[PDB]
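Engineer: Chain by chain, the residues run as shown.
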Amino acid sequence: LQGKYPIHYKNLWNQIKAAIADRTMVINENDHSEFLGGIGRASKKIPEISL
Amino acid sequence: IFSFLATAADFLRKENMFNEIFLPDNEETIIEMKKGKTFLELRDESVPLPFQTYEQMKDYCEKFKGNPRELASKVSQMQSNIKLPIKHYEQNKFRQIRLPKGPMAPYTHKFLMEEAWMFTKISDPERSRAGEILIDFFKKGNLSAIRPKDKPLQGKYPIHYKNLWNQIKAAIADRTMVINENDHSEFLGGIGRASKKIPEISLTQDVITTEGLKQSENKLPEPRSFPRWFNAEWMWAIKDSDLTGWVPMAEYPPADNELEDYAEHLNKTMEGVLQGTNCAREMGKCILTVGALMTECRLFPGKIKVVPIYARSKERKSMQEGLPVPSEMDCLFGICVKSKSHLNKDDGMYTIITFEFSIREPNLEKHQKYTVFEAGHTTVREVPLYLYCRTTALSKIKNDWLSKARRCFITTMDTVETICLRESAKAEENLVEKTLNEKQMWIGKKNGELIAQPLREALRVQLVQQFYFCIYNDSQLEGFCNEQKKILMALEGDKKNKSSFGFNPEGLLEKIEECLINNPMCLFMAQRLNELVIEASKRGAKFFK
Amino acid sequence: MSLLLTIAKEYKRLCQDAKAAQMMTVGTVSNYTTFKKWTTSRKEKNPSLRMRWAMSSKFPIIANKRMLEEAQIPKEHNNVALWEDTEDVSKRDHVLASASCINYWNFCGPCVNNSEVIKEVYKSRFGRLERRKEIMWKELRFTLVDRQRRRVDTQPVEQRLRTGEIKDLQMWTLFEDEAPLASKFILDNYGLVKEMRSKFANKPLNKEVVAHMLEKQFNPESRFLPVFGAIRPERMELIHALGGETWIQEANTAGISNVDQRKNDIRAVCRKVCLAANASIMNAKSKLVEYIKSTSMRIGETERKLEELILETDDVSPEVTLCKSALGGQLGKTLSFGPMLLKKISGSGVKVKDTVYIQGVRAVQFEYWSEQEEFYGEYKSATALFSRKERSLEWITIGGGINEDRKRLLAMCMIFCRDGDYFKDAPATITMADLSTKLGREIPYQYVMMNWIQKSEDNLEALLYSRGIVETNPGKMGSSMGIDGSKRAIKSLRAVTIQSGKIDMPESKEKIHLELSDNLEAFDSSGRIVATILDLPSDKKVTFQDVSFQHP
Amino acid sequence: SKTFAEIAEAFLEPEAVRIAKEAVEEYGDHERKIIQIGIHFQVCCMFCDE
Amino acid sequence: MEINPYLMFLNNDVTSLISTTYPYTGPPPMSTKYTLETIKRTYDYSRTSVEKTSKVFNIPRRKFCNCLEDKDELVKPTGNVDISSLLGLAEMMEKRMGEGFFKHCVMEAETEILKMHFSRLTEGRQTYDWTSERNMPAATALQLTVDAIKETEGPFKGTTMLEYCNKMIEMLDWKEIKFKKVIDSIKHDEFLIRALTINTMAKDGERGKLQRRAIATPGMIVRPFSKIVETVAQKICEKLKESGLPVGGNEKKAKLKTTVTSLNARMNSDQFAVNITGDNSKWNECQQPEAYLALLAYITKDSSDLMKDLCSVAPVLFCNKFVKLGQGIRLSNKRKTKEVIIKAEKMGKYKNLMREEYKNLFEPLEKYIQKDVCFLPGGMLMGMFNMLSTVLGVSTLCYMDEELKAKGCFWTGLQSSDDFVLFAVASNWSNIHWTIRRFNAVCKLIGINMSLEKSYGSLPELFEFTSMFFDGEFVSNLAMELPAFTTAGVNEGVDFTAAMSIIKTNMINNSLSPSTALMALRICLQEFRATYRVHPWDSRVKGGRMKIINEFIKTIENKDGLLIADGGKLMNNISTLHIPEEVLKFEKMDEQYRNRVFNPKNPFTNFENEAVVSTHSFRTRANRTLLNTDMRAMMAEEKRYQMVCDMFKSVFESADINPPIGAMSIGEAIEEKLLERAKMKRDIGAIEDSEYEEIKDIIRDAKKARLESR
Amino acid sequence: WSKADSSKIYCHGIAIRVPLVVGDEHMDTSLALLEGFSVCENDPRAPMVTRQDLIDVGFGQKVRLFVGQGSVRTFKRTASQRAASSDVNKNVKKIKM
RNA sequence: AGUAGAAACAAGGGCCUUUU
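Residue numbers (this note's numbering), protein chains in the order written: chain D, 1 to 51; chain V, 1001 to 1545; chain F, 2001 to 2552; chain L, 3001 to 3050; chain H, 4001 to 4710; chain G, 5001 to 5097.
Calculated pairs, DMTMM-like style, for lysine to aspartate or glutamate (alpha carbon to alpha carbon, straight line, at most 25 Å):
1. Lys4343/H x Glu4356/H
2. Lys4252/H x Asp2146/F
3. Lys4055/H x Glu1055/V
4. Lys10/D x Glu29/D
5. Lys1496/V x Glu1090/V
6. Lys2344/F x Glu2390/F
7. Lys4157/H x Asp4309/H
8. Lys1074/V x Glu4073/H
9. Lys4239/H x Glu2373/F
10. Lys4559/H x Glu2116/F
11. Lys5090/G x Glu2290/F
12. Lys4052/H x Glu4366/H
13. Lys4504/H x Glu4608/H
14. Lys3033/L x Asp4309/H
15. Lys4351/H x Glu1217/V
16. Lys4255/H x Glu4230/H
17. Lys4115/H x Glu1027/V
18. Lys5096/G x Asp3049/L
19. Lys4055/H x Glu1041/V
20. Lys2333/F x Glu2510/F
21. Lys1446/V x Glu4002/H
22. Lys2293/F x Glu3050/L
23. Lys2272/F x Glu2290/F
24. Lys1034/V x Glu4108/H
25. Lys10/D x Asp5005/G
26. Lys3033/L x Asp4305/H
27. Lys2167/F x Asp4656/H
28. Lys4103/H x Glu2373/F
29. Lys5093/G x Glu3015/L
30. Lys1434/V x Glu2139/F
31. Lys4167/H x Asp1044/V
Derived from the structure by calculation, the hints contain no laboratory data.
Whenever a hint applies, use it, and build me the whole structure from the sequences.
Structural biologist: Set out below in structure tokens:
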């Protein structure tokens, strides 16, 4: 109805159900979580000496 | 059982196999081509020589066995009675090309580029059609101030041209871009000079003997010499034009990633560099004039019209000081006229006429076809005035292609971006501005020495090259540019110490020199190719002096 | 209604003629298709020039007449000509109309209640758009790229089907009155049809367009393209904006379209059932077929039968191959020797017998092929092009990027060609127990040496040493490979060439109908083996979700 | 496609396909007749009905 | 200063700039003299003089095959063939590829030829009708031939290709044929000659080789057999790796690269390789149709007895073909005021009032000549058989001998039609030369010559193939496709998406760079705006389309959702080339405008075609020059068929989507469906018993009339 | 179960395919009766009807009907659960002896 | 006149076939 990145949330919900089925709360694949955690800030870094 | 059969029948009917072929009865189980009588009579007649019936050939082919020894023997025999020559270029060098001899190749383009003079005004968005601006420029009085004289410096049929110019002025005054059919226009427009037909059923020997009706003796074009005015135009079309925005262009869309930013930046640099040249104004002129002429030919055939030769541009941008927001400008170089473009079929021809303005006296060799008149004076101070006038024609194809003259930009951008990206990848770093400002590209000779300028300024040479390819395109230039590649590949092989070879280079030189006739571009590029191989002989083999 | 009566009157008038009657009486209905071609046949060479010349006129288009009258479309608003009563020669029921007339309708004209149905008609392209919007771009860099050419899919599609399964679906959703007999695909996939039918029902629409769009919605566009990096349809659809020969626009696109998960699940299930049937000794064939038909799985919302998906996919794995063989499903000419991939380019041959002594004197038969044959080979992040000649690896070239993968590919290739002395005199370490017959099922020495290599790295090193070693001649230093897998050394292996840049995967649009044995080893009109059960992982435990193993 | 056998496999059981194939090979007749025979054979099967 | 464009070729490569030479930025350029010269060269390259006499036509028939004579200047073309060598090379190729190969291919072909419908002959380039003697499309020619067959003996009930072929065969043995016209009939000999007749067209759409300035146009009695032969040739060629004719682009590049890797890996340290760029000459003038017949007979030896008879038709037909002289000569006086026009059949009369060249070229070809046609018993033509010639050529690259190995020498390569590339290997130049001469000889033995001027060689990695120059890298010419980025000329919706798709394909394959793609996008946008006489809204332009724009613009909140054809701006870029604008702007469009544009009932809307449909998807006006010409009688039957088809479709809406099938005729289905709908409505819908009964009476009366008329 | 897929029943995760013989409130458009009908010998006496009145017939009755295009047949509301696989597979095993 | 090429146009049929 109203949202931004529905596909990530949906796939993540499926992965959550899968993990619970496996009796382990862990999530191995890191594609959606990585994105949604890096949306805030993520980039490279150049040393000052290489400037 | 019925359900299965229904499904199967539907499938087959869908596959077009629901016929006797796949579903025959007991009897109709022998399908065969209905070999008639005539077809057999022929098949037994088209057989190779040793056989005389298809049966013998079939029996010889179905049982044919391989005998490598006789095959090798015939191979060697044919290999001995041939004596295929092999010629390593290093030993057998390439002579220079032999250009034809005779008068010089004159100007051929419909419009003038270097000798062209134009009157300018400011553009109002309301009045923007061609039939309006041609009047706006007419009111101020300069277009009417012109008044040539009956004494031409050169040319022929000056009376017709003078009367036509007067009629043009009159029609403009009448606010109707139309002209009447008189003897003069009829002579200049080839109105009634179409052949008259004579059926053979109505023919006899007495008629033939009366007026000779032999087979037409085609008068192929005649040769020419090297033009000495081409380098002048090439050097003039490299400098600025005091304005820009000569060629209209669309807008740039938004951007979200670095890629589109890079693309937009580079495209802006190149477009800003190119829109200021002189070749650009000629491109825009051709575009707009051809658009107007095509519209007229589509709407008002069988009617002599009046179309201007104009263009639109924008004065350059000075600093914020002074008057900001520079204005636009409509420029007018001359007048054009069509003649009953009844384009019944593609490749047709509709004669036109060109009245252009200049301030530079002519040359007999170059401005051979024109018929110049001394008009008067014009300001800048006062200076004399000339009126170049000639006649020519066009067609649908040339119109459509000239209107589509914005491909040179694409080609040049491709070349440049390719070079820059290749240089940037070998080092894994953004090397584009440096490659444009630093990388030197040899562009000519002066005082027997070589000359060089960054790529940022050499783009103009490639742009003019593409424009000329678009202008002087013909079968001759086609064959030339198709047959010169061998020389370039041999040159590259020489640069890399690759021992190239060939079978008959003399024939290649002959084929090349065969398509060099009365087309300035071919002659110029051939002479330049000779100069190239000469200058490289100082650093490479496979070329004779 | 009255329209129906008019159609009847027209049919009567038309039958009154003789030729129309003869043609509507003779033959079947299919003739219509033919009649559809002899009419309205006219083309043009350069529609560009023609279009410009044509649109230049003052009424260049055609258009319906009654639709304009009903739409109260006038012939002017503030003095601009919109259409004029007249008749085109072809249609005879159309009138020449202006370009300005179209603009008139859109700006002010006949409004409609809603149009969101479009989003369903062109769902694939809105999906493209959404997938794009959910991307997080990154920096841009310049460098050279190793773009390998290969056949891939560019259109992400769920429930990929055939063509015969579509020509029917386009009817039960749109033209049900004109529907044919119910096919099995319908009776099986009922909910799918119901869904596709719920949206395009009781709507004003042009149906031909919908059918065309549905074809696109169920067509994976397969192309032979250069590619770099991972292989996923989500990327191939916009590869043009990710990298070229000299540039790369980094961007993360991993968490979208959830495609490869379905394929890996399918392959896991195939492996499971293959092992299960292998547990048998005399009916593994029928056991496997039963396990197949006794199983189903969920895709998104719908439940599909396994055997139906298997015949739609194109995963060339030693598991899917076996299944598709049991069900008589044709497939491509692609091999499989353990984890690696292989494909024959040219050559021929025939089986031949030879023997080897395992420990002391223990004769064991092993076979090998006769004349020279070329092969392309593909291991993880590594490519190779080699040739075999009479039980020997003649030459090989590699274009990979890793040392370990290079060495493993080389070893598996050497094995595939039975090159070396080990195949002439096996090592002492192996014994009759490791030979074969876990429970009776024999094993050719090939896979024996395979597992012997996978066991310890030192077996691999010894095997490589079995290949000739020499001193790296000058110049060839770059095109040389050591024992560790280094692009250059002072002493390198024999008959080897290295290079940077993968090999272009070959291509062939061919199909073959193969079979298999009671030991789960497929054959292709020859003594060659394309798949088996020894080339797959031994075993592993997994919990399958949304599956139905309706078998005891 | 590409062969009548693959076609027949579309709506027939591959078993009867192979059967009719071996049969036409026995009589050495044109392999375009795989279909009719397979159909007849399958009919016989579904006529037994166990 | 003096300015030379070519100096940049010193400090830079040549491939990365070769595009600069191609003058594809300008218009390209555009009889009987050409045809007569072609006939002469064909009769000459048949280096012999043996001749027979056809009992059918009573015409001299030079025999061009296994009759080689005049073994001088063999470097020049020759059209004589030694069948033995051809069969040997074919056998060697089969041996390489394995047994059961040709049989498998002919089987795959027969698997299609039988089920094929005879309506697939409508697709293709123009053909030469044998009634009006002019070049019409294939559909109309097929229609006329069928109508003639029917008017002669009876309607053609056939529905596949085989029956049509058998009917053609029978028609070659009839004695009187009828056909429609403003209803002339003809005899056997005249129809035979008029069927074997072939015409020429000066299209040569592609620039390519300027030498190509014509193309063939056979009749309708030769199309199906030609299709059969092309099908088998394709099934053969696809299996081979030494051919690149059917594939396009990346495929042949990968082929060449794999070949180069294999070469560099095979040759030892004491060997060196070489490349060659070849361009055969007179390809369509040396390929003899008799060798093709013998080869197809050798191929169709183990297959069924049916294919043996079909493949053998087109060869003999090309062995007895006639050519058509076009437009004759033109006569005129000195001043050129008057002008007479003359046709071919008359040139034999006024042969004295022509230039001496025409006389020397015409009088010799006066016995082979008949009325406005020549009896060419051999040779070939352009476009007729491309794949078969490619197969015949690849047979050479497969050659091997004891001598080549005694010296450690061997060649391979890759050939398409009249264009090949060679890779020879040996240990010394003295042997390289011998190998190349051996290759040239074996190619000469089958009429495959080579052009010594356009052909050159060099060290391994420097060559060209089909406008693609090859080195360590691969240079996309990028000018070969320059005409592609343009408004096709179909409608407004489409051209823009098509251009964006083309740009995407270029960027993917031809390595087109980003900024170049952006420039091309803007250029195509400008040309689109200019062609359809449309421009934006903020722009100062005033005009017809633009008047109402400024009028109604006040009603709009945001102009970002508008379309280009309705005064919209550009919202698209590299990352959005695979998305039409109609889809990208859907969220922005103000609500009212969106409903009007996608309102389904639109007057102009008329439906690869990866595009959206809307009001802008219109159809252009139709030409009217024919209005004056009396080509109207033919329009009648077309109008009849169209009425029938559109009525059937009015009844059945899915006729186009799903091809109709069944055992009923058209009238039966129509009647039954009408009654069904009538009942379905009268039961519940708004219909009266009176209306139902009236409909039923009308239908039964129409049925009675249909069955009574005939 | 769900109204979306009215042809399935989920018990303990396992799925069960319900035949299509009758159509209740949820099911849709005469696609839920097709497994109850079958083809039979043509009978010109039985009536010809539409695809919507097809629900008002009695189990075991006959009726003529129009199918697709240019095709008429006769149907009977009696099913046949047996397939050909088993019948072909089992019968072929009784021949290799 | 002119175009362009290795032949064709320089209207053809009986009145018809205007905005960067």
